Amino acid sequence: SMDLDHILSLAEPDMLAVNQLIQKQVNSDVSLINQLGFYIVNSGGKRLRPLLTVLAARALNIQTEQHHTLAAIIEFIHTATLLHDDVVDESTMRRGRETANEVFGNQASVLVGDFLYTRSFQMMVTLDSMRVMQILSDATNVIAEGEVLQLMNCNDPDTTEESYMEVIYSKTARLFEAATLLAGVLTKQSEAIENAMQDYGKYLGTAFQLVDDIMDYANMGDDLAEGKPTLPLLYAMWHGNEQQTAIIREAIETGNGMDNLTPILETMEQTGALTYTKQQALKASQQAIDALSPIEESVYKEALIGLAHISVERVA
């Protein structure tokens, strides 16, 4: 499969245009918006969602440059979400750097999130497709719902596997799914090709999230400290002995224990909790690949298959 260097090289001409657009579309008459927008936009995100979007639009031989605007739209939505999450979580650090709410305060972060969300809709309007906006209005409502679903799960050790997977789907997979779907919408593909791209995005997002959650136990236990129960921790809790179950249950309820997870890590190894989670990741990764079957052959399709392989490479 195609490696990251080549994927990026393939995508760079498009990603340069998207970067320019992301930076310029922050503009406002209000200086605080320009500052905070600058800060969040230029803090060094991996820009994975717009990369997906542009590779997808090319894979479907797009004739316009509308995938640049669409890519900018997706990243604005994701950025709006990040700003709000960091206030909601009271995060202090992101991308090795102080968070926007730490630098500018909670109030300003929330409001500029709203500025970026609404700005992303002004941009959607320029694509002149009511369907684009139906999909994204739907997607963003789901994201908001997933955020509350995650809050309901905070410090809840009774959080079920289904509830956990629903948060992955609503809060992460749905936006990847929307991105790839909308590449098909822009290029006027059939329902079945739209479904293929939609599925690749969904399963890819799911894989990325599962692996992020795995990597958190290989700082370690950032999720635990924030009171966020994830599958490795839950599986270990469900299948361990009574003592292991109790300490994990305690850890989830309190958010204590990040500075020494030894007995929790041991429980994961013994129950196969990480292995189980790794298998769901690999599964999702393969499902993303299989979903691309119909897509015409091109270097861009190989790039999309590449990403699905990269998403789980630290686990495969």
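Numbering follows the first chain given and starts at 1. Each form is matched to the other, and the largest set of C-alpha atoms that superpose within 1.5 Å is called the rigid core. What changes on going to the form deposited in another entry:
After superposition on the rigid core, the single residue among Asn61, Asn260, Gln279, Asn27 whose C-alpha moves by 2 Å or more between these two forms is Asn260.
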The other form holds:
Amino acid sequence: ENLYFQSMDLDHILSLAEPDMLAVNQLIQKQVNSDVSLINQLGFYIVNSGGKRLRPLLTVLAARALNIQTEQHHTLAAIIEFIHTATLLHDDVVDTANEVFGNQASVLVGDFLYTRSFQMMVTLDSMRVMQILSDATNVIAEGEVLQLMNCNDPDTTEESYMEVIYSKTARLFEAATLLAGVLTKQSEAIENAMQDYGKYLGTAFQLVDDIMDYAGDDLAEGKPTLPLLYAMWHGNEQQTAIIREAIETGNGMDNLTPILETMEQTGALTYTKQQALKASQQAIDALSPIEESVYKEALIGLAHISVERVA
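Got the form deposited in one PDB entry; could you also share the form deposited in another entry?
The next block holds one chain only.
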């Protein structure tokens, strides 16, 4: 009887969003602009298709699900993607544009994007927007530093890993969806609903990323992600010691297959997949208060799509 039993697939999501996404991409091009040639060249290299990405998609779908009557979500989407791009540039120094243009330029163009995003925020003329994004971006910075601290630390806890995911990835998604609610003057209940959707969706996406690494860039650098940690926690004495050493010394690739084996035997990747599935469902469940629309259906489909590669 239910003709719309299937969740919305990616092609339909992307077709639905396309007019908004192309408008975001155009705004990003016009906003990347400065008189300074190097900014324009590095900018082109890193953000020429910036409006055609996941965080802008989320943002425009959220705003349309909330019946936005302006084009302020195009500005918001560009802000969010500039924050993401600035973060990426800076993270690749501390670990690409920095390989191509140097650490220095990548840092400074990161700052150019970052500061420009705040200038765009000011055009929205909302102190609440500034509060939300200044809080979010400070959290991101803290999360990136916490991540850098955890590197080579085999005593990293599950809670600390999850705090890194939350701060460095999920918080920006959470802000984007909350801000769609702010711009459209929604109730506290609806704002909370959208905030939770973003937070959990972003969590799902990062968990899946960490799974797909092993399904070993992280291994190489001594990065303690959940699959590697969980394998260490549940492995036999020799397995645990191999992984501890890999984390401390970065020599994991010399024991690549034994480590991958430990992950299989302990169900470490499975456990991480379970956490991703949970986040995805929590995101979907958060949208209960939201009015039905094709944009709501797209947000639900995105949550399904986030964990598709993992089932």
